[PDB]
Structures are given as C-alpha cells and as structure tokens.
Amino acid sequence: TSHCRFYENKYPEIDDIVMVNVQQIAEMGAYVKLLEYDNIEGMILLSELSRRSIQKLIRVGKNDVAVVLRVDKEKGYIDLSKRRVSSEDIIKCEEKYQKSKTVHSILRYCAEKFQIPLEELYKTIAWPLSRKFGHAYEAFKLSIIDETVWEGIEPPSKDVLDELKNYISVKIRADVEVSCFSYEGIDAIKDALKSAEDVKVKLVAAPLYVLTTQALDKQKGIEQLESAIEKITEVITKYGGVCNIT
Amino acid sequence: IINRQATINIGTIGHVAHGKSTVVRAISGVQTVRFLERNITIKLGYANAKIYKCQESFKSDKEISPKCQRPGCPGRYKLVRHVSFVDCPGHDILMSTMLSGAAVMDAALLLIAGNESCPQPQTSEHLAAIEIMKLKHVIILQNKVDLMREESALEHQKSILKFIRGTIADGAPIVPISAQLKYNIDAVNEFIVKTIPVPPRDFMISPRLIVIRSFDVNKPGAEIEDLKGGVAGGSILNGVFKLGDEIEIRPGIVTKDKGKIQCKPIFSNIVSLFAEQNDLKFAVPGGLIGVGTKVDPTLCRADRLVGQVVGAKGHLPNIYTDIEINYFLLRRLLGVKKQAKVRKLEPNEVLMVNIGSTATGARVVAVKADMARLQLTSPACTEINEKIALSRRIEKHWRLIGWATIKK
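Residue numbers (the deposited numbering), protein chains in the order written: chain K, 3 to 54, 58 to 174, 182 to 210, 218 to 265; chain M, 94 to 128, 132 to 152, 163 to 363, 365 to 444, 449 to 519.
No lab work stands behind these hints: they were computed from the structure. Hints should not be assumed to be uniformly reliable.
[Unchecked claim] Calculated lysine-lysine pairs in the DSS-like style (CA-CA distance at most 27 Å, straight line):
1) M/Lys371 x M/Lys420
2) K/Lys202 x M/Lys362
3) M/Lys362 x K/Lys250
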C-alpha cells in the first residue's frame, strides 16, 4: 500500500509548490491527487488554471505545476493556482519534484522486504535525513560517498539497508590462439597466464584461451589487453614456438 | 591380483555397419574411444581384454570376470595374460589407419556377417594385407548367425572353406559368435590361448616406438593453474622403456614460416605412462601405451601425429626423401566391387606408399623389373627394412596393388 507525506507534514502551507497528476476534468476544474504533499485531493477552479485550446492541454495523465493559496487544516482541503507561478522558479520546482520522487522510490524496497508499514519507515528515515540536512536525496548521496547520516538513527533492519546500498551501487572479451611446436610449452603457457590473469581467464578446449578484462572507465581496457598480448609474444619467441593473436 | 600390462597386440577386421565395436564390447567391457579433443586423432580406438583361466570342460574354460561364480567352481581364476585390442574400421575411404594398425599387430580376427553376400572385396583385401604384413595367426569369426537358417550357415561356412586354401593362412580356426546376445566367447578365449603363442622378445634390442593416437588432457570448468602435459598414444614392438628417459619424434616439425628449416626432431622427457587403466613404472613391448611427455597439449590435438616413429636418446636412425623399393605385383585388383587387371607401373604418377605406419604420397622416377625409385613429398624415416603396402589410383579412391621392401 502506497500512502504517507513526502516532506514533513500531511497538509501543505502557504505559497509552497505542488505537482498534480490529473485523472478527470470538466465539472468544477480539477480536484485530483498530489505528488508533492501526500495523496489527499487538491482542487483548482476553472479560472486560476488558465494562464494564456483550454480543454486539450491537460485532460488525463499529464502533470501540472501549481502554487497553494488556501489551506483548511481539519481533515483535507487544499486549494491550488497555476496562473501565479513564474517561469524562473518552474525549473527549481521540477527539480524538487524529481528529488521527492527519488526519495519515494528509495522508500519502497524496505516496504517490500520486511512486510512492515511504509509510513513508519518514512518517519524513521525523515528524522535524521530530511529534517537536519535539508533534502533527503542529497543526504543519501553523502552517505553513499562517506557514511555519516545513517549513524544518527539505529537500524531495525540492517539487511534492508545493505540491499538499498547494493541497489545504489565492464567486461571486454579477448581471444589468444596457442599453436606451439617447441620442446617445453606447458611451462611457457603457465608463465603467460601468470602475467595475463592478474581479471577472469578461462580454459575451453586446447588451442583457444578466453579472457575477460574488466574496465573502470570503459576506455581503460585497451591499455592492459595490448600489454598482455605483448607479454604473450615475448613468451614464445625464445623457446622455438608460435602463438597467434587474431 | 597383479596389475600387469599388455603382452601381445590383437587386431580386429571387418566391414562398415557389420559390427566390430559391439564385438569388442562383448569381449571386454570398457567402451571404445571412437563410436573433438580427446580420442579424436585416427580411426583406431583403445580397448583391453582379460585372459584368466579356471583349470581344476569341453569349450568352457576362460572367463571375462575376475571372480569365478558362473560355471560352477568357486575357486579364484589363474593369471595367464592381459591383452590390448586395436579395432580398425573396414571402410572404402579410410584404410591408412588400418594399415598403421596392421604394422604393430601380432594376431588377427576376421569378422563376416551371415545374412549378407558371401564374397566381399574389402574383406579379401584385408586378408591380403594381413598375409603381407608378417601375420599368420588368423581366427575367422561369424557375426550374425541368429538371424540365419540351419543349413544356410553351414553352406556359408563351406563356401568360406572353399575360398581359403591357396592363401598363406593354412590352419585357421572358425568360430560362430553372437555380438548382441553375448554368447560363445569362451571358445574364442580358449582359441586365443591355444593357437596364438607369444614371440621371443628381449631387453637387448634398441628401443623403437610407433605413435598412432594423440591426447590432450584438458578439462572445462577448472582453472588454468592446474594443467596436465601432452600425451602421445604410442605402441611398442621392440625396446623396454622405464620412467625417466628422453624421447624424440623423428620426422621433423615446422616452427617458422622466408628462412630455411634446420630445427632438430621434437625432444620430450617422459612424465607419466598410461597403461590399461593405472600408471606403471615399466613398459613391456607389445601394447599401446599413452606416453605422457613434456610435449605441448596443442600439438597433440587432432590430425598432426598419425603414424610417426619415436626413438630414445643415444640412437641414430636415418631420414629419407628418396627411397629405394623392391616391389612385387599381384595379378588382379582386390577391393573393387567386378575385378580389374593390374597394369604395369608408369613413370611420373601420384601413388600412395604405406611404409609401416606412415601415410605418404610418392612419385615414380625409374622402373626396371623389380627395383623402383620413389620421390616423397612428406618426410619419412627408415630404421631396418620395414613392411610396405602399396596403393594406386585408377577409379575415384585408393586401391591396393602389392607389397614392397626397402633395400638398404
């Protein structure tokens, strides 16, 4: 089950920005669910929505940025307006929304795993991350870089945390052909291996050797493979045998 | 029970789809090598039989099992001999392998099926080859008898008898045996002991080894830091080998491809000997042994080492490109389905000359009457005199003509 607030409180404040996903239109305006503050419905009348084809632009599925004007803190009554929002801060609002979405995504694996309510989890997460630091995504990022924010609250489930970490967290193929005719060859092969392996090198049949080279930043794989090839070439020339590279 | 290796080499001949592998299985138990990396090198496989006698009736004497419980007597079997089988295919295309097998063989087993036609050319050719390559100990075996009538089999036997009279093999025993039903093998075993003796062999003779098969010991899944050396499946006719000696493969190898070749024969030290099932220190001549040497596993892969001579360090044989042969020709051709007359040898023609185990293509330069000079494309070695079988081309594939000896 998906519920609970995004920031700190269930009810929005004055002048704050909220993103809405519209389900149905044309009766009063749009009384639809929120994505920035809880899942309680927020309403716009057919005047504040228009800034400058009026029916076609919104309809079903599309997202709208709106500023909160009137709040009734009793059970759940929120009023929204689209006309007042300026173009300069729209990008910022969007960014905020994205951050919120990311936070929500982060608090789903926990819900899935230990079969416990999501709201409680959210509450337990928001205290050292979303209150002290500012936003939660940045805190999470900081933690991933250097662990300092997870220290504040005691974990009821470390396994979940580990899983989350894992979630948050390149093989290049090469072929070397061996076709020696020398006196000793096995030893030479072994020597070659001792210079080519140390990542993962496997034997298949007899003339073919399959090796997978791991790269850190994708481009780094060319520098090691070539070196390995060179080493291999050096290896078999002295004894009196041949090894080919395709 | 002592773990003694092979004493005498016995070979088996027949035809395609007749049944030889099955017969071998019936005789021994361990499945044949044939039937990419392992086993695949030639046409001959690898099998081993057991000769244990229980003497404490009629035909029932020898057995296949180590423990005697089948005939009646509960006493343990007496050690007689242990033999290695060389199964050669009887196909019209592949015959070089068969020829190679023949050179090492000391005993022969002929197989003819009952239901098929009585005169077969391939079988006759095989017989001729056997006659040529110093073999007289031949046992005739009838394969498919269960699908045949009461008198038909007798008639077939009579026909066979009529056929075999003018040949070198005079007193050849005839046994009817089932391959799929597994019966009458005891009689065969008895015959093996009776008719065929072991020729005198001593330590004094210089070591000579012939390699037929090649093996590489590499297993998928395991890491490369656990490797095994190259194994050369080689049979010995003369010369006793022990663990800790230097071996050389004679004919030569190409290592560089500009620049003239000067590199010596392939030197290798013996690591481990594979005889029958388990490793042994001594190697008694008269059997096929998987000689595991310091040679590359990549070299012992497929069609590279088929019929090549191997010598021990401290002995010098000769390598020839031009060979001097003393030949004798037959009247009519054997192997053709129809019989064609053998023509006189024409100068400058591609003919296949099989000296012992080597499969080489040779061209004729000079013909006199009995002596002939041949030019070889692929290198060959000569030690003493060697037993040679000659093969020519007339229609599509190779046909046997006669026998030859090196005059040196």
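Comparing the hints with the structure gives:
1. For the hint pairing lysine 371 of chain M with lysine 420 of chain M, the CA-to-CA distance comes to about 13 Å; that is within 27 Å, so the pair holds.
2. This hinted pair checks out: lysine 202 of chain K and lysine 362 of chain M have alpha carbons roughly 22 Å apart, not beyond 27 Å.
3. Under the criterion of a C-alpha separation no larger than 27 Å, the hint pairing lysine 362 of chain M with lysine 250 of chain K is consistent with the structure, at around 19 Å.
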